[PDB]
Every structure is written in C-alpha cells, then in structure tokens.
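Just one chain is shown here, as structure tokens, and it is the form solved without 24-Epibrassinolide (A1JMG).
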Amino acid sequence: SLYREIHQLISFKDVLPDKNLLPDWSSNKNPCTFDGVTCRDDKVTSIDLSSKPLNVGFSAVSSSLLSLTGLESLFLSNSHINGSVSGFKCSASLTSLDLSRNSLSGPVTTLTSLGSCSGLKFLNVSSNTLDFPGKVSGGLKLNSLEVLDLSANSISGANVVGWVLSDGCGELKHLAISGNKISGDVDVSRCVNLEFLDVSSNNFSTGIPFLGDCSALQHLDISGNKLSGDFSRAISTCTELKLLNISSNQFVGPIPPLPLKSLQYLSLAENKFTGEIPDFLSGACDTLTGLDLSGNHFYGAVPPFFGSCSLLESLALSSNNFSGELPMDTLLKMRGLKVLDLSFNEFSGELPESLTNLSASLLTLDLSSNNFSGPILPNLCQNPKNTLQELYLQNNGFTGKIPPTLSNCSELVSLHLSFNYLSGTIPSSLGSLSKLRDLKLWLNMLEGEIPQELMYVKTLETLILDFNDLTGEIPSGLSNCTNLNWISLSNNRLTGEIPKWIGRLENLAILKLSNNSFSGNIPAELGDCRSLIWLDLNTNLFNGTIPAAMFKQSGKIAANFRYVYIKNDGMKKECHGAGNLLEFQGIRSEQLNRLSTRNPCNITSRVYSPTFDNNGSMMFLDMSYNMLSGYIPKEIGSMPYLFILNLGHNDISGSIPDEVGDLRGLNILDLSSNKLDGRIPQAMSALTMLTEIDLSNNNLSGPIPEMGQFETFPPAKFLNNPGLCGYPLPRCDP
C-alpha cells in the first residue's frame, strides 16, 4: 500500500521534463513528508501541484495520481497539463478535481470519461481549450456533481447547457460556463438545489434562462450577452436571490419589478434602461450592499429612500442623465458607503458643506464630468480620520483654488481636478500626501511654480499638469520621485533645461514637455531612462545637437505602457507637432472643445500597441519646432518600434542616416524645414509602413528613390529642395 503509493508518486515524478520540480519526492521515503502532499493518519488524501510547470499530458496524471487509492482531492491548476481526458481507473474516494488554467484540448465530451470517478462532486476545468464540434447531442452524464466550472474554454454552440444537464442535475449547486460562445436556451428548472448560475460572457440572444421555482438560487449572472426579453418575469419566483448581474446586454425600458428581500448586489449596468429610479427598490434597503446602474438612460434625481439603505457599500450611477444637487440629505444617512460614483451625469450646483463628513467613510468619491460649479470644499477632509483614497472632480466647472487642506486627506492615492477653472497655485502641502500616486490637474488656470515639496511623495507615479499657466523651472525635487512613469507639463510657460537627474527615473515612460520655453541641450542622460517610449519636446527653445547616447536603450525595454491621442491634421500653421497624447480619464470628449482657447489645433480626430520582453524600443519621438543643429546620429535608426519621428523645424544639417531605413515600424517621418543635404538614402525604400512623410524645405539633392513608398506621396512633401528630382517631382535631368 505504502509501496503502491510511493511507486505511483515517484513514477509520476520521473515522467516530468523539469528535473528540479519535486526535488523532495524520493523513493524509500514517506510521501506524507513530501511538498504538495496532504496526509491524514499517515495516508495521502490530497495532492496540490498547482502553479508548477509539470509539462505533461493528462495521461500521466490519470495513470499516476488519479488512481491513488484513498486520494480525496487533486489540485492541478496552472500546471501545464496538456492532452485530453479519457478513460482510466479512478478512486471512489476522489471528490474534487481541479484542472483549471491548463491546455486540456478536444471535445467537451471527453469529460464524460470522468464518470468513472463515482465519488466526484467538484470539477473545475475552466480556462482550457475544450470545444464542442458540430452536433450537440447526448449528455455530459456527470449528474453527481455539486460544482461544475467549464468557464473560459472554446465551447461554441447552441444548447450546450441542455447537454451538460440532460442526464439530471438534482445534485448540482454551482454551475459556471462563462466566457464561451454558447447560445440557445438555459433550463435549470429541474436543478432544484442550484444556488449559483453563471452563464455570462457568452452568445445568448434569445430566451432568458428558465429557472422554474428557483428554490435555492442565490447568485445569477447573465451579464455580457445580447439578451433583451422579460428577465423580470423569469426571476420573480427567486426569493433566495442575493446577487443579480444582468449587465452588458440589450435590455430596455424602465427597471421592472425585482425580488428584493434577500438582495445584496444588483447590476443593470450597460443596457438601455430608461426612466427614473423607482421607489419600489426601497424594499431592498435591509440587505442591499452593492448597486450598479451605470451606462443606461436613467434620469431625474436620486430617490430619498436610499437614505434607508444603510448597508450599501457601493453606489454606481455613472453615465446616465441624473440631475439636481448632490443629495447630501440622503448620502449622509448611508452609514455603509465606501464608493460613490456619479460621474458622467448632469448633477449641478455647488458642493455642500455636509459633504466633508463623507470624507470620514468613503474610499472613493467620483463626481467627474458633471455640471458642478463653485469652489472645492475647503474643509473636505476635516474629519479626525478620513479614509478617502480617490477624489475625482475632473471635468466640471469648479472655480477658486485648490484647498491646501487636501493634504489632510491622508490616505489619498489619486487626485483628479483636471478640466475645471481652478486658479491659484499647486499647494505645496500636497507634498505631505505620502501615498499619492496620481496627481492630475490639467486644463485649468493654475499659476506659479511646481512645488519642490513633491519631493516628499515617494509614491508619485503620474504628474499631469498640461494646459495651465505654470512658470519657473522643473524643480529638482522631482528627482526624488523615482516611481514617476508619466510626466506631462505641456502648454504652460515653463523655462530652464531638462535636468540631467532626469536620467535616474528608471520608470519614466512618457515625458511630454511641448509648447513651453525650455532650453539648452537635450541631456544625454535621457538615454538612461530604461522605460522611455514617448518623448515629446516640440515647440520649445532646445538647442545643441542630438546626443546618440539618448538612444542607448533600443534596447532592453522590459514592457509597454487611459488617454486620448489627438493627431495634428497638417492644415494649420500655428499647430505644431505630430499630435498630443493627453490623459483622458473621467472626461467627456464633448468637452475637448474647451481646448479651443488654448490650442490652435483642431480637435476632431480623437484616438484612444506592441508587446515587449527585452526588445522594446522608443515608440514616439517629436523634437520639432526647436533650434537643434548638427547631424542626426545614425543610432537614430536603432528603434524598430518607433512609429513616429518628428524632427521638423530645426537647424539640423548633414545628410539623412541610412539607418533610418531600419525603422520598420515607422508611420510618420517629418524632417522638413531644416538644413539637411545629400541624397535621400536608397535604404529608405525598405520602409513599408509610412502613412506620412515630409522632407520639404531642406537642401536635399539627387533622385527620389524609385522603390518604396515615395511615389505615393505628393510633390508638396518634397518641395524646396533645389537639386532634388524624380517622381513625384519632375524627371531628373541625367
């Protein structure tokens, strides 16, 4: 017996490709001492080899492990098991089998073989590649199961649920098959003990699941399909219902009657429900902990009855047309509230003083994209121990100043005050927000300098201050913020140079400094930013030459890195640069016209990516409209991910490096308005991704390369080059 146990386990170990995996599994040694093994009274009862790259087929598993007498559970989640299940001798003692997150493949009918495990009651085969080929007939025939998870497979087809349940489901308590492409009907009316049903993210577009008496159902998730019928009538017999998730479908009309007496979580998000919030929902106030109505067509006010929902932790009403003043009278009674999301509505008026009390309970306050006005509450975080982590007030009409008292929201992780009409300075006291990761204040009328005090915020990742009236230089304090990964200061009136300490921000992925008055040379230390993929310096007063060293990472960039990209059309003179990459969270695109008084560019063309290992490269480089000079370092050509390169409008001379032809990712290439001479390198015919080029206003000569993409570009892209010829230009005179 021990003999048999140890021979089975060691035989399993020996079939493993990796010889480091079960280092302590050893023959002539008791398995009860092995890692991965659970024993009771010196007998093996469970094996857990999850998250270990075994790289063997199911046949090895069923041969060795599943035949172990007395084995009660086997956990092999994320263990690189492949192959298919099939017939094997299986212990009567085995009650749970977890094969999730593997590479099991073949028709789901293979699972019928697990019927040989007479004791099997729990089965997880989620996140594999099981499918259902053609004719959906017969049955799964595992009607002893209490729990079955077939989620995230490759099951495509109609009435697969009927197939799962055809042979009986009187024992079933938990059915999940989410994340497939199943369609048709769901009939669980004979599953009288079913407590959990998840058919979400599938291809259901016809009937609502038929639940029958719905006598044990507590959790119902049909979200992420295309359903439109009468779910209300479907769930009306479900008196045990705690979670109802019908989000991301195609339901319409007003919120219908619902079974409210046991309800904890309700989501109707992402449908087309209309009307006001009806007062009958009040019946769930004894139990309701989470409510989500986001992304519908609701309107009107927030009903006073919400005052009695004392257990409500989360109220999400974003993206509707709710209106009126902040219903503080009601919000104050919601003892339990931690998340309040009213963003993307039409709430208006000023912030009430009572709101300050909420700083004491909420973790998240989201009022972004409404019609609020007036000052931001000076006293907001006045309470002894405020919990507030996220404060989103962006895209409103707030006036006045940023209250220094926000330094008292001690747990603040994210502060978004962008797209308002705030004036005054950036309070130095935000320096004492020791956990702050995101500071976003762009598109306001902020003045003064960038607080040196930010140097106290070690956690800082995001500093977005575009479109203000900020002056002075980049404070050396920012050098201490080594987790900065996104710095954006475009469209201020800043001065001075890029500090060389810039080099020691190994996480900086985006540096946008356009339309200021920065000067001096480009620091070669820029090449020491191990994360830099987006460098925008257009429209400044930079000078000197381009440092080859700034490219010395093209390189071992580990990985890649919520925004809007607004492309410059090329029909406006006063509009400079390839285009603006701007932070765009909780902001309506409709309000982008608010830039009209700051930005000479049109705003019509709004846009919202590769994968790296250690191959990653700079993706975006724009240094146009400066006073640069010298020669383009041929290292310029070392960036296979560079899809944009704008060096237009400088005083760059010498010839175009042939290495430019190595930039296989290049879509845009602007080198117009410079002192460039010599021949356009033939190598540039290798580029096949170009959508725009400009080499006009240089001193280029010789023929335009006959191959590549040149012929597809108009004469304009080549004008003002005396000795240049060849189509699209006039034929060269040999």
Contents of the next structure:
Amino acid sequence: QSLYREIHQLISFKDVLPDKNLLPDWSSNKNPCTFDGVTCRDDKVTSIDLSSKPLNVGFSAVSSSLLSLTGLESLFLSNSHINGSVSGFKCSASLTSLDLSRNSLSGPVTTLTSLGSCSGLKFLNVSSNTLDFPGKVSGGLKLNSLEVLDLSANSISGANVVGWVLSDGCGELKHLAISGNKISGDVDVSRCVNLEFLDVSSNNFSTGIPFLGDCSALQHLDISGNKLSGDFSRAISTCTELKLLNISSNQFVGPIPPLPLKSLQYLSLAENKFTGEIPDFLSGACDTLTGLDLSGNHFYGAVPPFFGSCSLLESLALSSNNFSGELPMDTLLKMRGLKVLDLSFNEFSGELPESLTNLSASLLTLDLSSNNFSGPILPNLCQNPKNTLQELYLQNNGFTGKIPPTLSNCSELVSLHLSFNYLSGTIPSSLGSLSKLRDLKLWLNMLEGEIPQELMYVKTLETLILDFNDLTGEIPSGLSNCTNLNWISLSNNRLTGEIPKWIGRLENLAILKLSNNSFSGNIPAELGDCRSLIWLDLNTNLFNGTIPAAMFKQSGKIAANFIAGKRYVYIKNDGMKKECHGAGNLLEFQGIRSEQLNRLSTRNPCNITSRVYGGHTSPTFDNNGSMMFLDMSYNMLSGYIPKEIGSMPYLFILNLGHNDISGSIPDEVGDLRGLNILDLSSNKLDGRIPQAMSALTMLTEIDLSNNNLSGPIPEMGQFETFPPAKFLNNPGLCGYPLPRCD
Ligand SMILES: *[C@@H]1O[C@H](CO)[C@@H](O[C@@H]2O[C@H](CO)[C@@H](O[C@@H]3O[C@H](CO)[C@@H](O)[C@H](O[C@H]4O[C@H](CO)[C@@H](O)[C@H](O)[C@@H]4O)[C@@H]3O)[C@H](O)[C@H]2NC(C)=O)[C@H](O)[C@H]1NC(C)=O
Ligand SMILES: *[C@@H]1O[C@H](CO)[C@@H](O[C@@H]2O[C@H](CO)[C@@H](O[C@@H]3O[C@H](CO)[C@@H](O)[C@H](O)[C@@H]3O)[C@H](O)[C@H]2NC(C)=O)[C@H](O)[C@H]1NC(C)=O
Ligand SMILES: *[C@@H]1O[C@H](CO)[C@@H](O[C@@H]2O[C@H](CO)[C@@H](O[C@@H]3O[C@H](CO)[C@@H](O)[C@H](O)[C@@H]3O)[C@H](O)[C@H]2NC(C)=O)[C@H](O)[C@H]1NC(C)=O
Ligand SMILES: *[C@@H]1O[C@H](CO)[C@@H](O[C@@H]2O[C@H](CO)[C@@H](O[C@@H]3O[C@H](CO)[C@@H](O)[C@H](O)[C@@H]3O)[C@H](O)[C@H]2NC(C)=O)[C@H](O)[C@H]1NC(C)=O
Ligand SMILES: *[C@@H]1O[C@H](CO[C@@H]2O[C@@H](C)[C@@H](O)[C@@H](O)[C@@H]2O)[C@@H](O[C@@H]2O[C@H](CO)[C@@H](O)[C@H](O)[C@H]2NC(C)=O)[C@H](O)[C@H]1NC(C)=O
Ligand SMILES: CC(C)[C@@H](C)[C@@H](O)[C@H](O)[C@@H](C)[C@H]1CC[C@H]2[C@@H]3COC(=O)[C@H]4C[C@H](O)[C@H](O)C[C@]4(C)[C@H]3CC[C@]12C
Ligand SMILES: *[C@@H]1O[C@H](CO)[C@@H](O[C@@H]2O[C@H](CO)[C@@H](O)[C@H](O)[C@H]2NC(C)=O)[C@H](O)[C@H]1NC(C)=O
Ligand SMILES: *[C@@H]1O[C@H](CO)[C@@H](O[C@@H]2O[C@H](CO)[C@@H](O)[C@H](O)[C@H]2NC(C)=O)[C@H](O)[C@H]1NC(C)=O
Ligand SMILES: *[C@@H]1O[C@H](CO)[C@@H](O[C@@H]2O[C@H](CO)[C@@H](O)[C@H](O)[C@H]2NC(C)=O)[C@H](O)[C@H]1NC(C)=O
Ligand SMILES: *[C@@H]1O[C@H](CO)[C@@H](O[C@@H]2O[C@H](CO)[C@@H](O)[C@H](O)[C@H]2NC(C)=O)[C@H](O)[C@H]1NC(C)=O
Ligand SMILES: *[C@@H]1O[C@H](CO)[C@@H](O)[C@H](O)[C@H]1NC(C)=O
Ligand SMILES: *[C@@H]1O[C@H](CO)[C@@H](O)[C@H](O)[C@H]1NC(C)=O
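Form solved in complex with 24-Epibrassinolide (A1JMG), following the form solved without 24-Epibrassinolide (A1JMG):
Starting with the chain above, the whole complex follows.
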C-alpha cells in the first residue's frame, strides 16, 4: 500500500470530477508529492489544498477518496463546489483539520456528528454552507475533541442550538464561531474553560446575555448584530483577559456600564440606544485601547480630556450622536497613533483650531462631516510634509471661504468631500496635483469660476459632483483623460457650451446629470458609445436638434458594477410647482444629513418636502443591462422619436416633456416592460397611442398631455387608472378617462 494506495486514492478522486482538467498534473504512475495542491513531508502526503477549484462533486466522493488517505493531516476544500451532505466513513486518525467552507453542504447540522470517526479532528470549518437545524433539538454535536469550530453563515434557525453544539462537552474548545445564522435562545459557554473566541454575532438572540462562567481565557467576544437588551456588564465582569468586545447593533440602552479594561484593545458599542456622556472611568483602558467605536447612539457632551493617555488609539469613531463643543484638539494631538478620526453627525461647533496640521501626518481618515462647525478650511492644512491623509470629509457644516489650494499637499488624498457648506471662490487648479484622488464632491456651495482644466492630470478620478454652485464656462476638454470616471453631475449651474463628443471615450461613465444649466447643441450620438451609462439627466437646458437613434446601441450589452455601493438620494419632482422641472434629481449623499436638504430651498423651487428617496446604490442587473434613467425635458428638441427608444428593457423612467418633438409615438414603447414613469407632454406628437402600450404593467405615472395626438386610448393596460389631466389638450384623443369617441 503506502504509495500504491496514495496514488490510486487521489486519481480515483480526480476520475470522478466532471472536469478532470481541473487536476491536470495529477496522473497515474507519478508521485503525488509533485502534484499541485499537494503537500508532502518525507515523501508522504500530509495535506491537500484544492480550494477555489470548482470540483463539483458530492462529499461522498471526498470521504472515500481523500479523507480515508492514511496519514493525511489536513484537507482544504474551501469554495470547491462540493455539495451533498456528510455521512459515516473511515477517517484516518491523522486528520486534524478539515475546511469545507463556502460550499453547498446541506442537511441537518446533525450530519456533522459522523465526523467523530476522525478521532484526531481538531479544526472544522463548515461556514458559508446550507446546513439547517432539525425542527427539534436532540442529543448533541458530539465532536467534543474540537479546538476550533466555525458553523457561521449556514441556514441554522433554532433555539439552544449552542447548547446542542456543546452538550456532550467543550473542554477542548478554544474558538467557536456561529455568526450569520438565525439562532436564538441561551449561550452557556461556562463549561468551555479554554474558550478564547466566541462569535455569536448576526444571529437572532433576543433573551439574555451569554453566560461565561469564570471567563478565565476569553479574549474575543462578539455578540453584535442581535436584538439584545440586558446587563452584559454583569456577564463580562469576571472576564479578565478580554481584548475585543463587540456588542454593536443591538437594543442596549442607558449609560455606559462598568467594564474590564485591564487587557482591552478593541471596544464597540455602536448602533444601540446608549445615553449619557463618555464616562471618565474608561481612562483605565488607554493603556491598551487600539480601537473605539461609540457611533450611532444618543450620547452627548464633548470628547473628555483623558483621551490623551490613549496613546495607542488607532481609530476613534464617535459619529451619529449629540456631541458638541469646539474640536477638542488639545487632546487629539497626544494621540501619536491615531489613524482614523470620525466625529461626523454631531454638533461640534466653532472653527478649526490651527494646530490640526500636525495630526495630518499620522491620520489616514478625517471625518468632521454633518456637524455645526463654521469658519475657513484651514489653508495651512497638510503643511507637515509626508501628509498621509487619505480621506477628508467636511461636508454639511458652516464652513465659509475659498477652497484652500494647500489641499494639493495631501498627496495621498483619495476622497475630498466639502459639499453642503458656504464655500465661495473657484475650484483650485492644484487639485489636479492630487494624483490619487478618486472622489471630488463640492456640491451646494457658492463656488464661482470654471471647472479646472488641470483635472486632466488625475488618471484615477471616478466621481465629480459639483451641483448647486455658480460654475460657469464650458465643459473642460481635459476630462476626456479621466477614463475611469463613472459619475459626473453638474446640475443647477450656469455652464454653457455643448456636451463634448468625447463623452463616449468614458466606457466607465454610469451617471451624467446636467440639469438646469445653459448647455446647448444637438445631443451627441457619441453617448451611444458609453458602455456603462445607466443614468442620463439633461432636463431644463437649451439643447436642440433631433434625437440620435445612435445613443441607444449599448442597450442589451451593459454591465453596471463600478457604480454599486454609494449612498445617494433621489428627489422625485412633484407635479405641483410648475416652476420645478425634471422627473427627479439623483444626488450623491455620503455623510450629509437628510434633515439639511431644506438648504436647497433657496436654490431649487421643487417642493422636496414630499419626496426624498435614498439608500445605497444597488443596480438591478449585472450582465444584460440597459439604461435605467433618461430625462431630457424642458429643452428645444424636435423631430421624431427614434423607434430605438424602446430598446432599453431595464428602463424605469423616461421624460421627454416640454420640447418640440413630433411624429407618432413609436409602437416600441410597449416593449419597455420596466417602465414606471413616462412623460411626453408639451410636444407636437401626432398619431395614436399605440395599443402596444397596454402591455406596460408597471406604469405608475404617465403624461401625454399637450400634443397633436389623436384617436382612442388603449382600453387595456393601465390607461384607465390615470386621470384625464394626463391626456388633456389632445383634440383627437377620446376614450376613458376622456369622453367616449363620439
Ligand atoms: C472559515 O472559512 C471562512 C472562508 O474562508 C473564513 O472566513 C474568511 O476569512 C478570511 C480571513 O481568514 C477573510 O478574508 C480577509 O478579509 C479582510 C478584508 O475583509 C482582510 O483583512 C484579509 O486580507 C489580508 O490578507 C491578505 C492575504 O491573506 C493580504 O493580501 C491583505 O493585505 C490582508 O492582510 C482577508 O482577505 C474573509 O473575508 C472571510 N470570509 C469569507 C471569505 O466569506 C473563516 O475565517 C474561516 N474560519 C476559521 C476559524 O479559520
Ligand atoms: C427571532 O426570535 C424571535 C423571538 O425570539 C422570533 O419571533 C417569534 O417567532 C415565532 C415563530 O414563528 C412567532 O410565533 C408565531 O406567532 C404568531 C402569533 O404572534 C402565530 O400566528 C403563530 O402560530 C406562531 O406561533 C412569534 O410570534 C414571534 N414573536 C415575536 C416576533 O415577538 C423570530 O421569528 C425569530 N426570527 C426572526 C427572523 O426574527
Ligand atoms: C463589530 O460588529 C460590527 C457589526 O456586527 C461589524 O460590522 C459588520 O461587518 C460585517 C462583516 O464582518 C458586515 O457584513 C456584511 O454586510 C453587508 C450588509 O451591509 C452584507 O451584504 C454582507 O452579507 C455582510 O454580512 C456588516 O455589514 C457590518 N455591520 C455594520 C453595522 O457595519 C464589525 O466588523 C465588527 N468589528 C469587529 C472588530 O469585530
Ligand atoms: C435653476 O437654478 C437657479 C439658480 O439656483 C434657480 O433660481 C433660484 O431658485 C430659487 C428656488 O426658488 C429661488 O429662491 C427663492 O427666492 C425667493 C425670492 O428670491 C424666495 O421667496 C424663496 O423662498 C426662495 O428662496 C431663487 O430666488 C432663484 N433666483 C434666481 C435669481 O435665479 C432656479 O429656480 C432653478 N430652476 C430649477 C427648475 O431648479
Ligand atoms: C441649434 O442651435 C444652434 C445654436 O444656436 C444658438 O443657440 C440656440 C440654442 C438658440 O438659442 C439660437 O438662437 C442660438 O443662436 C444653431 O446653430 C446656429 O447657431 C448660430 C449662432 O450660434 C446661428 O446664427 C445659426 O443660424 C444657427 N443655425 C444654423 C443652421 O446655422 C442650430 O441651427 C440649431 N438647430 C439645429 C437643428 O442644429
Ligand atoms: C443606480 C443607483 C445610483 C440608484 C439610483 C438605483 O439603484 C436606485 O435604487 C433605484 C433602482 C431608485 C431611485 C429612485 C427610486 C424611484 C423614485 O421615484 C418614483 O417616483 C418611484 C415611483 C414608484 O414608486 C416606482 O416604485 C418607481 C420610482 C420611479 C422609484 C424607484 C427605485 C428608484 C429608481
Ligand atoms: C450537486 O451538484 C450537481 C451539479 O453541480 C447536481 O448534479 C446535476 O444535476 C443537474 C440537474 O438537472 C443535471 O443537469 C446535471 O447534469 C448534474 N450534474 C452532473 C450529472 O454532473 C447534483 O444533483 C447536486 N446534488 C447533490 C445532492 O449532489
Ligand atoms: C443635544 O442636541 C440639542 C438639540 O437636540 C442641543 O441643544 C442646543 O444646543 C445649542 C448649542 O449651542 C444651544 O445653544 C441651544 O440652546 C440648545 N437648545 C436648547 C433648546 O436649549 C444640545 O446642544 C445637545 N446637547 C449637548 C449636551 O451637547
Ligand atoms: C507642499 O507645500 C509646500 C509649501 O507650499 C510646497 O513647496 C513648494 O513647492 C513648489 C512646487 O512648485 C516649489 O516650486 C517651491 O520651491 C516649494 N517651496 C519652496 C520654499 O521652494 C510643496 O511643493 C508642496 N508639496 C506638494 C503639493 O506635494
Ligand atoms: C490628457 O489628454 C490629452 C488629450 O486630450 C493628451 O494628449 C496626448 O498627448 C500625447 C503626447 O503627450 C499623445 O501621444 C496622445 O495621443 C494625446 N492624447 C491622448 C488621449 O493620450 C494628454 O497627454 C493627456 N494627459 C495629460 C497628463 O494631460
Ligand atoms: C451652530 O452654529 C451657529 C452659528 O453658525 C450657532 O448659532 C449655533 O448655536 C451653533 N450650535 C448648534 C447646536 O447649531
Ligand atoms: C409642499 O409641501 C408641503 C409640506 O406640508 C405641502 O403641504 C404642500 O402642499 C406642498 N406644496 C406643493 C405646491 O406641492
């Protein structure tokens, strides 16, 4: 046996794969110690790693072939497209680690009890599978030799499952993760005297806090992501060695209870309902504290002063509370090690004390957004050379004055967010010297001047958001270089010129919003060479010419992906203030408060109060793909609607109102089976509403008023839902909701 067995066992596995090419250098009459994925010691196989290879075989193929291999010590099959479920099998006494994570194992978690045939198994990872819990609890896992067990991200829903895992003993257990399930009930790890790591986060625990007993070895405790309301302080009081405590995203209330700080490195109480003010007793942790997160509560007060002793604190998150007072920098500068600072969403007032520039060479993220500050953006900022700052967020404050050009000295800057302020002046050209910047956001300020040509010197830029400023001039040609741009927005400015034809060279452009400006010219067919475009808002401009049929070629071959994951707001235009134009205004909204959109009142006649949608971007498709949004109302368009208009299936919205468009509504509009909004009012359209539109099943708003249209209204579909107003000022038109055809 020995070799003969080793090779015949491995090739038998290979020979059951559906794609034997996945193990190309495995072969007969050749030593396995030369195989990719194999590890050998002294010419004997000791480990097999076939992770991230789509083997597409059942576990039964693994147990008989690989797990029975004599002398095998570890098997790694993570993300290897193994399905089926565990059953009994001869398991060599040498196997100590099995990793079956990110696979499709199924069935009750009681299947795992048969892994007890591996007398030496100490590390089991079956996370990110689909194991469920038998409706009823019974027996135990009965793998009481394990030191490490990860059951996370399965489909386990039940009560006292934790009790089940540990029923028959846990003396040896050192690491237990069960996050990402729907487990509820009680957690009693008091008999697991060696437990050092407990992750019961993102579960369905809503009763009591886990019982930890002596807690004489616990170093990592993560109970975040539940609905826990209780007295965790009592439960963790005896925990002498705790290094990390994450209780975020729960239902905890009240002031900060006492804690064991003698070894605490990370502490998060975020996303609860704690009240009060940072107690002084927390100073005892500054000897060891590396990360603090108090964000998302109801705390108040000012950054207490003892934080100077927190020399080790690498990150301070205090956002979304009721903190106040000038920047307590008298303390911050003592934080030699601080690298992330986040005071956003408080009421820290006053100006920026000039001594900030020192901390700009140790920090990597500075977030003062959505506060009450006022005063100039310190020009001397980033004077201390070797400025490592990567992100600057000062939006939604009371900051006034010119945009400092010194900001070009933060050579490592990747995101600059100064929106929602009262910043006057021009946009510094030195920002072009920010060779790594990806996000420039300065909308709703008082920024005069033209858009710097020097932005061509930024080969990384991705987003350029400058709405609601006093910008003037034309679109700088230099942006043809920013190949990676995916989100340009210049609305509510006084820009002029024409949409440059080189707009098509940006194969990453997903969003282009240019409303309430003084642009002009025929719309460019080149926009049809934008393979990422899903959002094109051109309303309230002076464009003219007819509509290029060629701007709809990419429909069907779009893949929107670069765009997903950014906080936004969509403001639906109410059909009330005729002074307000467009379907709606989509706007980036990272770090700004929804409660400050009223600042637009003096800049926009739209009654925003009614409609404000938001969230984080989540494109609907991935391949396939087509434009989702398309607004061009309140321009000087004319000619006939190209029948290519109806080639965008994922299209939600379509506004072509208040123009000079004629011809007959193409019968392709009925093909837009995702259409929720359709505006074509105030035009010169003739013909009949194509009965093909009766196939539109998702129309929530339609408007065809003020045209030369004639004939019947489709009695099928949704046209009977809509009111006469949406069909008025069309003499020939008849049919309910209009009068019957005489
Ligand atoms: C059970 O298996 C699962 C699935 O493998 C496993 O969960 C995964 O753990 C890894 C780390 O072990 C996670 O990936 C890490 O994630 C963060 C960013 O999210 C990074 O810190 C890590 O990158 C570091 O390491 C890289 C090389 O190793 C470096 O290039 C890099 O600079 C960083 O230093 C790393 O990517 C992963 O997200 C999870 N979850 C998944 C994949 O769903 C789990 O740990 C296993 N359990 C046990 C007990 O081993
Ligand atoms: C997370 O845990 C909570 C409580 O720990 C679970 O909520 C409870 O779920 C049960 C099981 O479905 C509900 O029972 C059902 O209730 C109604 C009457 O309320 C009745 O029609 C059914 O016969 C059934 O017994 C129970 O009401 C519910 N209790 C609550 C919400 O207070 C919850 O389901 C768990 N999972 C999730 C995903 O939240
Ligand atoms: C402390 O606890 C918090 C809350 O549990 C941890 O933040 C959480 O981090 C996880 C990944 O570890 C995030 O999960 C992912 O989230 C998205 C939803 O946005 C989802 O698509 C994925 O399925 C995935 O689960 C989770 O969002 C995030 N939660 C929050 C509120 O930010 C944090 O990492 C913990 N820190 C430590 C040091 O333990
Ligand atoms: C296109 O952009 C321009 C410039 O932002 C908008 O003009 C300005 O619009 C706002 C919104 O209504 C006006 O503010 C209002 O002013 C009056 C008195 O001035 C006051 O009673 C209201 O409470 C409100 O503050 C602003 O005056 C107005 N002025 C000028 C001179 O342009 C325009 O409305 C935008 N159009 C669209 C459709 O968004
Ligand atoms: C589209 O408009 C351009 C530009 O005209 C100017 O801007 C318009 C929005 C409108 O306000 C006009 O009164 C402006 O003059 C037209 O191109 C020429 O524009 C020049 C002035 O720049 C004018 O002397 C010419 O007569 C215009 N037209 C021609 C054929 O020479 C353009 O014609 C307009 N229409 C189309 C279909 O392109
Ligand atoms: C790509 C991303 C940057 C992001 C914009 C999208 O990913 C976003 O999520 C989408 C799919 C959102 C934004 C605005 C929302 C519309 C609100 O404006 C209405 O008036 C209603 C009317 C009606 O309620 C119907 O549901 C549709 C519609 C147009 C809403 C639909 C979903 C939205 C379209
Ligand atoms: C495990 O996964 C495989 C696919 O990876 C499943 O087998 C396939 O089942 C479909 C059903 O139509 C067939 O068309 C495929 O040809 C099958 N694959 C083959 C024969 O290689 C299998 O059913 C899954 N389930 C289990 C329990 O293993
Ligand atoms: C908590 O937020 C409240 C508002 O909800 C703040 O109240 C105002 O704070 C300013 C600060 O300059 C005072 O001038 C106002 O007088 C306060 N309002 C009232 C009605 O008195 C408050 O500052 C925050 N609380 C703390 C403790 O910082
Ligand atoms: C950081 O700021 C300093 C001071 O403003 C800059 O130093 C000057 O840089 C310019 C660049 O053209 C040189 O011509 C000057 O000679 C420099 N100073 C002196 C005294 O000669 C420095 O360039 C900035 N660094 C950046 C933006 O990376
Ligand atoms: C920015 O774009 C311009 C064109 O708009 C680039 O001009 C290039 O010049 C080089 C020689 O320096 C030529 O080989 C290229 O053909 C030109 N065009 C392109 C698209 O590369 C300019 O180099 C670009 N770069 C910067 C830093 O401005
Ligand atoms: C915010 O700043 C303004 C002046 O800009 C001041 O009147 C106000 O009291 C400050 N505090 C709050 C909580 O808004
Ligand atoms: C604007 O919003 C207010 C909020 O109360 C609403 O009552 C009012 O009718 C709206 N006005 C228009 C013109 O839409």
